[PDB]
Amino acid sequence: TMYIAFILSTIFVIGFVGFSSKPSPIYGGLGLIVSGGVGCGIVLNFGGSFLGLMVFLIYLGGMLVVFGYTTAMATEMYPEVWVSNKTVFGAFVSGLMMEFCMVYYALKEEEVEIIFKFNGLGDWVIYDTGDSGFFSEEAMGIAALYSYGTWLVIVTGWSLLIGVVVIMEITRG
Amino acid sequence: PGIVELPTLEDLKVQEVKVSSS
Amino acid sequence: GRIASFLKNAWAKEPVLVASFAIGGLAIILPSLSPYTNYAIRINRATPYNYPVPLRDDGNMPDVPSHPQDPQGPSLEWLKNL
Amino acid sequence: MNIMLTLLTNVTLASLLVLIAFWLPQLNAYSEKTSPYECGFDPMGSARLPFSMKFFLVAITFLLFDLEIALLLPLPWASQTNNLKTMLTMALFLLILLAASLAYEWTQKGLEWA
Amino acid sequence: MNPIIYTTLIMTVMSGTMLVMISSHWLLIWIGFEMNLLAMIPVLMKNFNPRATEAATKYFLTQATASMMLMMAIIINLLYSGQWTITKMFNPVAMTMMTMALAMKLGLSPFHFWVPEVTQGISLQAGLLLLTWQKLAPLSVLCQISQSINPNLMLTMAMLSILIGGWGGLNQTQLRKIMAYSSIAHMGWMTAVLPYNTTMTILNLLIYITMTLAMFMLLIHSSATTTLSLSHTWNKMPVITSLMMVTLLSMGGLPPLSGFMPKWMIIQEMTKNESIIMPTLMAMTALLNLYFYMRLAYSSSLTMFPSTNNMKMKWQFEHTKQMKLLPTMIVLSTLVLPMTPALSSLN
Amino acid sequence: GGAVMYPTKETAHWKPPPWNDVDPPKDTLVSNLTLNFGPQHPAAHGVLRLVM
Amino acid sequence: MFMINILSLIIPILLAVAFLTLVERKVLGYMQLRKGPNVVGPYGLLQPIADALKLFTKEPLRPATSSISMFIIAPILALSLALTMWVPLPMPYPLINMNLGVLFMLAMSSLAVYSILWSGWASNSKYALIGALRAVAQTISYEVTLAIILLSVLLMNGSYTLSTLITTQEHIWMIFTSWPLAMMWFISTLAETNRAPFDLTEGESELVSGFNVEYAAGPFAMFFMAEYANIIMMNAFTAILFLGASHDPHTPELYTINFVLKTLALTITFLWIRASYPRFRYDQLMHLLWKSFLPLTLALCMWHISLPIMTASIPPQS
Amino acid sequence: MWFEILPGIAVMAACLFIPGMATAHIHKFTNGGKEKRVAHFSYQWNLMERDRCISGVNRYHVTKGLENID
Amino acid sequence: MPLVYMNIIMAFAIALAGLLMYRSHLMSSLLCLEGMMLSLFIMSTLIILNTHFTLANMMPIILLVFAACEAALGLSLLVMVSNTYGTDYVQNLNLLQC
Amino acid sequence: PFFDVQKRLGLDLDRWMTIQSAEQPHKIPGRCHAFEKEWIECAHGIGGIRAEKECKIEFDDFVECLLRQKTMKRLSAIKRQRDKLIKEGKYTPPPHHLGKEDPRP
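Chains as they are written, first to last, in the entry's author numbering: chain m, 2 to 174; chain s, 79 to 100; chain T, 88 to 169; chain j, 1 to 114; chain i, 1 to 347; chain C, 54 to 105; chain r, 1 to 318; chain S, 1 to 70; chain k, 1 to 98; chain h, 2 to 106.
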């Protein structure tokens, strides 16, 4: 249980391979669902309760609208799964093999340098020994968006409104 | 670099306040 | 004249939107026209989330309260009576 | 780890119910029984054919509305700040922009279907 | 599209570029890029056609990939430095990823493929914005991080951009595709001097913007999108095709026209840094761009093509739409060479 | 004229774009869903096959 | 001992669902001048057991056109999440005490939707696909309003911690403070659980059986149990949020009883609504939730943001 | 008549009352007859960890009063 | 660096490769875009939490907001292609050449 | 073209989140506040070219605080040597490291 985060990250990579091999978008949907849930688990394990629950909630809602479209636009008479096409299965197997090879190389060989230098020790090491007191530091920093980040709020709100406008202009013919 | 100076085990011995948080 | 006709027509055809704009309008105007918004600010400042780190006494700090509970310093007596 | 234990127990219980459901009863299967149900008659086309969404714009905008709901969630903690004026103005600004986007979609006949 | 909505979208594109050119935080630069893309897609699709939708989709895909790579580079730089400021990037891998992303946004080859297609798909009005205003933000970002840019990668991208732009421009008969390949070549020219002197990049950007504004506005004033359609313009309006020939000669980099300024200053700065092979190769490869410009000049003004009978009716009417900046853009793009010592104001 | 200045055998089959860039609309008409609101359906009174 | 607690929170909930089926049947009957199940056992108390045994001794059929993996995964996800959404509920003490239990409930509901989606999609039937698309449209309509109303009513709580709701309502029910939000939240919960005037995913009179039309025996029983467990859990959420109950720390039973009674009353009102109104059209459902609730939810969100600041009544963070 | 529905409602009431009571009793049983201490914030968790060490038996519920000092 | 960072970077790389390698549908490309966005969110969140950059804890939320904005853009472009061609197949985007 | 309008007009649009040593809500310090403060104060005003080579010790300390690569390498070496010693029975972990002594409060 000292490597829970590593297991969750491996499942993250597995889900990314799953929806990266491009099965039917319906199946890519559950691939992204698993990846998002496991990423929420990782963020929870690192202390980001609100942030992890936030990715979980948003992607859960977003993939629903994708599913609606998969049944409206990307609907193939015979939707394809990871074991339906040799191309999709090949991509899935290649991704799994890459992940397994890198995991094995990282674990059995403590110091691994593929592109960056990765250390094989557990993720628990990098944790800090400080005390936050009566705080949820992530929550306070996030809530500082309305006090410190007024400019960020303005720009994000304007972008969302312009996004609504752009969607309406695009989907008008 | 250098050696991190650390106080000995003896000089950080105090009669602890062995009471509870409550 | 025209306003009264518009409002009567608005609350007769779409009463839901009439309430929403009225409630939304109040939520923007009322906070400015309130004497308790400053009290709300003071309460948030009053709450001691972090430790009150003491400062070294140089002998020339008349109002800074070098004490457990002697009179000098800020007081929360206003909050007690709120 | 307790939440993980609860999740594991729930999943195992559900899968055990599935297992008992699929292995306790006496099974007698044939082609006609497992055929798709179309109110007693044979279906004309495949169920995997495109199914047009008459509310696609509503969904694409529900995306951004869910985004705004994500932005609004930190509000309970945001009220604990000393800059209540700025915090309140920014929160009302976000809510006003959400209402304005909803109004624009409504007036330009975006919430309507087909 | 409602004119108010179109003005809001144009102002949102401009505000995204100004956010990129104004902020000191990487997150805000990425936000400005995102706003630029969001407000640019409907502007690309102002006139609804299947080609317009295809151009919008391709542009959106390319810019989305570039923005994802840029944000990954930003995140890696933060990881290895704990810094968000636009400064000397502290990770070589992050620098490489950011360079690839910014080159993809600019359209530097081998990320050039989308430019001829997106430019052809959209109208002249949108093509002008795409080939002029959309180059400001990535160039500004590159100019802010020119110190950390690996010179080898940027120089290779610039040389490939010039080569590919020239080669692509030769096989094109659609004016928009010719303009896109010329834009690719000029972007390579601009990015060649980024590691050496950014003020020369700014000068080249200004000259290119003036020349492309003049060319696109002349095309709009002639309502021509092909060589054959532009050829007829000699009969109705010889002034427009003569000015187009002059502007094409300027774009070729022929003195005493203004197009010689950027190439001359770039060669100067690159020779000051003991690079003599690269500027020579760039100057020699500019001859392909000069070739297709000359071919267009022949088909448009230097030689007269067969018109059609219906031009007689068009002879009677006068253009109603008036672009007030066209004469100034033509003059600034042809007769500003005697004013190079004004380079210092860009410092 | 044509699509490219130096056409080849493969490119010669490709025609120039439309004059107004409006590509002729495709006739790949979207098929509907022939749902069978058949007899078994509770709202069909048991003996109505409604092919909609 | 924690495993014993997990079992004592799951098995009683399943028994409550089983007997809620009977309670619903009898309530509908007596509101329709009828008598609910009254032969099987005394006063019909043995009907749920008979139903469960019949369903689990009934042959389950696997459709020929169905994708087996999703077809089997959907029921499991539905029940597992229905049983999991009870973990953080404060009655009076929560099994798992989270600082953000409310967002956990929201996320768990959002995931549960995929059960109906995948069950519908994988069923590979026209009626099932229609049911899945109707579920999609339903969740498009209520999710934003649900979250906004929940945020607005929690603005007087000070945090997303569910246990704090008991303290906030120590002198007064929060329904006396947000009864318009209470009404809209109740309707949103009706729409969410695919319940009265919003039974569009199933649509007995319009879609035969909706998404679960191709499900039989065990899996159908699991979907029914998940549906009714979600009903009870959402009614419990409505109880804790608005109908606060007194909690004597030395006698938790007092709260438990008060809580249970309020949840039972809310479930009975759910059945009451089920046997009193015709079914919406999901176009009309989306139009209602987007054009009558959402503007009002935004207005009340503004109001409940401004009110504590303008009245100097911001609830404590901790 | 209508009171015939009451047996089922009472059975469901018992089935819904079991979880709450069970959780409270288990919390009291596993925390020395006291409410299970909440640790919403790191300060509370630090208090819990110190209490565990003070107890000496690696259990936080057992609390040492003035008798432990001196 | 910790192995979790390696896993998340590898996930981003895999999603990028998937997006760059289309097969048939435009929906799967948008899926790869959303996956890359999610991976970047996780990376940034871990970095911010680990270094206790309190004021930067709002960055992942902004990233998520613009992520779903890009997703909505992609979805709208997808519907237009389907309306104009009947399928979301990436091969239909072929009029614009070179 | 970095048009520094913030420094001109005096506005503070994004300079408050550029570094973790800036003011943060409730004065929550960054994990490497001291190292970043030293690096910034060392390299203030001398230019980027000088800062890269002169204030390099401070930057190295800041990077080590941020990533702990060398500290993790030392800890990994210690762990590997301890495991090798335990395999050969040349070492015996002390009771306070074996969970036999009560940790101090």
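I should point out that these hints are in silico values taken from the structure, not numbers from a laboratory. Treat the hints with care, since some could be wrong.
What the hints assert, rightly or not - Sample of chain h residues lacking proximity to chain k, with all beta carbon distances greater than 12 Å (derived):
no., residue
1, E24
2, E37
3, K38
4, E42
5, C56
6, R81
7, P95
8, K101
To be verified - In silico DSS-like cross-links for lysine-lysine, where the CA-CA straight-line distance does not exceed 27 Å:
no., chain 1, residue 1, chain 2, residue 2
9, j, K33, r, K58
10, h, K57, h, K71
11, i, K46, C, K62
12, h, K91, m, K118
13, i, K88, h, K88
14, r, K262, S, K28
15, r, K35, r, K262
The C-beta atom is built at its ideal place from N, Cα and C for all residues, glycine as well.
Tested hints:
no., hint, in the structure
1, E24, "violated, 8 Å"
2, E37, "violated, 10 Å"
3, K38, "holds, 14 Å"
4, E42, "holds, 19 Å"
5, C56, "holds, 20 Å"
6, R81, "holds, 17 Å"
7, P95, "holds, 28 Å"
8, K101, "holds, 30 Å"
9, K33/j / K58/r, "holds, 14 Å"
10, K57/h / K71/h, "holds, 16 Å"
11, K46/i / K62/C, "violated, 35 Å"
12, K91/h / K118/m, "violated, 32 Å"
13, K88/i / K88/h, "violated, 48 Å"
14, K262/r / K28/S, "holds, 25 Å"
15, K35/r / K262/r, "holds, 25 Å"
This entry does not satisfy hints 1, 2, 11, 12, 13, going by the numbered hints stated previously.
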